[PDB]
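Only one chain is included here, represented as structure tokens and corresponding to the form deposited in one PDB entry.
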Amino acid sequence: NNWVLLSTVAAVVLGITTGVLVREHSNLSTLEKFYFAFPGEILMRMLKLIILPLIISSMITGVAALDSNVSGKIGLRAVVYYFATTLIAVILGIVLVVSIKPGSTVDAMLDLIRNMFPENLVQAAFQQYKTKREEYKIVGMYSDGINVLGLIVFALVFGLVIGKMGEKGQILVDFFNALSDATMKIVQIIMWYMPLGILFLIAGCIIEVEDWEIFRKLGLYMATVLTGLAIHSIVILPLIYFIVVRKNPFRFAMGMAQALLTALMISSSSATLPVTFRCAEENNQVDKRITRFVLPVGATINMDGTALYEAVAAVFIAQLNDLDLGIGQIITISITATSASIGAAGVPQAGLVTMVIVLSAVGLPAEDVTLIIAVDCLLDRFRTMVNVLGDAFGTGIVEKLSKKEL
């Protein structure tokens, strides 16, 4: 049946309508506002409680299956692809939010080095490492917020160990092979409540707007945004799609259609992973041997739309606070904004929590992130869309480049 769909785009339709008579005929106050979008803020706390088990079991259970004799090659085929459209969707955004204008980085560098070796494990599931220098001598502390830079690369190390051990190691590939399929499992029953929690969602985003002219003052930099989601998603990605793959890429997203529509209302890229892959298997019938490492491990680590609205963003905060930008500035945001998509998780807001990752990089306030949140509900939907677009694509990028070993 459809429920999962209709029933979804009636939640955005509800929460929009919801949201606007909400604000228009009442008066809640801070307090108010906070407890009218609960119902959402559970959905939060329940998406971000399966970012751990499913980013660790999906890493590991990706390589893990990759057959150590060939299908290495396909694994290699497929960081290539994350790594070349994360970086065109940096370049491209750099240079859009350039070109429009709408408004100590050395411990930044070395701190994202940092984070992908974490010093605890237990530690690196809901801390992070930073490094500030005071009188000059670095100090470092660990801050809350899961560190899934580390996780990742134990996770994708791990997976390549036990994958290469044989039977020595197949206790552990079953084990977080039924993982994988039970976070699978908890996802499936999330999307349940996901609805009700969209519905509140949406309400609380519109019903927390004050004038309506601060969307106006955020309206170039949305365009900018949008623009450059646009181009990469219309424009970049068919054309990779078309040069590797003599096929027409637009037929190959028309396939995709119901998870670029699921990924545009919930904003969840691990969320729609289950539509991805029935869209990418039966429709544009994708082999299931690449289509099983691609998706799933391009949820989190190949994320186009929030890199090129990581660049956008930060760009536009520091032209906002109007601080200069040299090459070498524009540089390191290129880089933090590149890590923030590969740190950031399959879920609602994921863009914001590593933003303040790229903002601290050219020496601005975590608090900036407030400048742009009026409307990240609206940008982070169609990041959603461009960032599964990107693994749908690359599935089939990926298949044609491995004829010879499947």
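Rigid core (definition): largest C-alpha set, two forms, superposition within 1.5 Å. Residue numbers count along the first chain shown, from 1. First, how it differs from the form deposited in another entry.
- Among the candidates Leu49, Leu28, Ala366, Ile42, the CA atom that moves 2 angstroms or more between the two forms after core superposition belongs to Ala366 alone.
- The Cα shift for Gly328 between the two forms, taken after rigid core superposition, is 2 angstroms or larger.
- Taking the rigid core as fixed, one finds a CA shift for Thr227 smaller than 2 Å between the two forms.
- With the core held fixed, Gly75 shows a CA shift of 2 Å or greater between the two forms.
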Second form
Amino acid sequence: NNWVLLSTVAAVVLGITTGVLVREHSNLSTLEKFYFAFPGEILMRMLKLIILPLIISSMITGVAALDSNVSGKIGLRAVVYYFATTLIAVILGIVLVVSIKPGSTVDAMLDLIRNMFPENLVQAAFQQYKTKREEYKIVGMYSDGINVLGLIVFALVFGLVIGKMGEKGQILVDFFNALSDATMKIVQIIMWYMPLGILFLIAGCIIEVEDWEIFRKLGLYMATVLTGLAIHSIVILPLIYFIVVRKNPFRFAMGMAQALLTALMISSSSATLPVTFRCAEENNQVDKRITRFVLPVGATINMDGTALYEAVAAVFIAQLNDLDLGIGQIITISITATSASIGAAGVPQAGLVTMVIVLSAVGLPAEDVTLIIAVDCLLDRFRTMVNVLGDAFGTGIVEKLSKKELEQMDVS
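Can you now output the form deposited in another entry? The one shown was the form deposited in one PDB entry.
Chain only, nothing else included.
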């Protein structure tokens, strides 16, 4: 049965009940609060532990399966959809902040290209490159943080090659096909522990708020993020779907309910990738070849909700700092917000870590993330649903336009 969905949903009810009662009936010290959420901490380690095999293997197997002739066209179609939606998300989010008003530019962009082509694959697996002007000469240093952007650019290129080599490379296709399935099943092992982790991730979140009035200060900013996420997922993404495929977008979104509802509870695109595969390929009867390529890449580079979030929050924090945001300066937020969402890993709190890239570029202190961290857990929950929904809709859109390529693939 679907006990996995019931168990994780029950964690939300128990997590909220536990967190509120614990927060009210006890006064946990800062150290005591940390130990309370330890079971949630372990789950995040388990989730972060699996994204590297998940991304590397799924990127290689998805691209490799596609034939050499049609791999480029399908890849081009997916990339155009990703940027088109992410840019529309950022534009929608930026228009909202200026309307609702809840409240080293080049070097940041170059560091993104310097990370698409890392100087070492092993180092890229756990370290990231950053450059800073100092005296002015640019000096770089490999700080910490998995380089998701670098690994994909390699896995995609590696996947394309081994697919083209043919029978000479069928062993690498077989090796990574099995390595992808082995990572699918390890994520299902994590699914069993997830209800325990969510019970404390949610409970721990609503215990560290301290003064409950910070939500009132963040109330309008809250609405701006949810309003943008609601507008994007309910209007824009369904609209783009209907325009291309000309089929009921809400029926397609209805099938992904397990993936969408799952994404909310756990708030991680990569962890729910196994759920997305089944829902798309089973409830919506989508081609396996398209799903196994569009989704894995989409789960990391295509994050429409996060891109809307980074732009909305960065501008919102700017209003708090009381610095004017005219036409000229808001552009770098749009470009950086799109870039930040590209590099963000498919894990919870990925938005918070990439906030430094957008916060620094616009000219804001790097510690302002603590101003909005109180509610980022609640916003994060919904961002993922939009992140998977955007990728989920991409599978249907890309499949429809790639109909000719798929037709000539069934006949080898």
